[PDB]
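A.B. asks: Here's the letter readout for the chains.
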Amino acid sequence: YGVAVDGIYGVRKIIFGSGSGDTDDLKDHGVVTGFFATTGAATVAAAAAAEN
Amino acid sequence: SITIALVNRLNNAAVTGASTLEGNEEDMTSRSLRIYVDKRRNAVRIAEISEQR
Amino acid sequence: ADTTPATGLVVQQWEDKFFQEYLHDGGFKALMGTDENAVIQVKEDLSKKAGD
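Protein chains in written order, with the numbering used here: chain A, 9 to 60; chain B, 7 to 59; chain C, 49 to 100.
Derived contacts from chain C toward chain B, CB cut-off under 10 angstroms, selection only:
hint, residue
1, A49
2, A54
3, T55
4, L57
5, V59
Using 27 angstroms as the maximum straight-line C-alpha spacing, the simulated DSSO-like pairs for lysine-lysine come out as follows:
hint, chain 1, residue 1, chain 2, residue 2
6, C, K77, C, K97
7, C, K77, C, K91
8, B, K45, C, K65
9, B, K45, A, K21
10, C, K96, C, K77
11, A, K35, A, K21
These are computed hints drawn from the structure, not numbers from a lab. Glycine included, C-beta positions come from ideal geometry on N, C-alpha and C.
Chain A extracted, bound-state conformation:
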């Protein structure tokens, strides 16, 4: 007997343009991010959290 849960959906961060065009300079609609320092153990590894 196989029981399977399934769903078709998508979660996105609402970002809207600010320039002349429709997809120009994207600002977050209602989110403010703050990057701070912490003493806790890292969750994302250095290789994974690096740029590119």
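The hints should help you fit chains B and C onto chain A, whose structure is shown.
C.D. replies: Relative to the frame of chain A, chains B and C by itself:
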């Protein structure tokens, strides 16, 4: 995909008195955001003897 | 000025109907028959009996 819309505010000086408005109308700017949907699922399979035990 | 919808807000519609490619059937169905002088002989004897 589904496209959601945002209507920008109007920031033109109000036309006061008996001044013409038929030509000095504002333009309404709108923005769009497209969100894609994907299928995600998981499954668990169990034998009948495991159900009985 | 004049108000126009955004470039990404211009709606495109899709139709639920589809076209099919034109295929020539050859016209052999008119020559099929169970008579002795048929151009194409139809033997439906295996539909009731056994054998390949």
